[PDB]
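Of the protein chains in this complex, one is absent; all others appear in place.
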Amino acid sequence: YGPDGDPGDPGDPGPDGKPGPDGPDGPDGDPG
Amino acid sequence: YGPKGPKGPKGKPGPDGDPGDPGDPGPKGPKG
Partner (left out) sequence: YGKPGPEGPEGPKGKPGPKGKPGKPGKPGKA
């Protein structure tokens, strides 16, 4: 009949995010 | 006085992380 128990632990850290977007296209090639 | 109650349940998992950083630039197009 005493005081409330201690708060539970913090939840797990969320899942890792998705992979980042593809990088920008490379620069145009040199003229022949 | 009475003993405190049982420790509470662990919290819920965190939200998903942000998407990753964008990729590096691609290679330069082939020579002409």
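Letters A and B mark the chains as written, and numbering starts fresh at 1 in each.
Here, a residue touches a chain if its C-beta (ideal position, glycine included) is under 8 Å from a C-beta of that chain, and two chains touch if they have at least 3 such contacts.
**Q** Would you mind listing the shown chains in contact with the chain that isn't displayed?
**A** Taken over the complete structure, the missing chain's partners among displayed chains are A, B.
**Q** If the missing chain were put back, which residues of chain A would it touch?
**A** 1-32
**Q** Tell me where the left-out chain touches chain B, residue by residue.
**A** That gives, for chain B, the contact residues 2-32.
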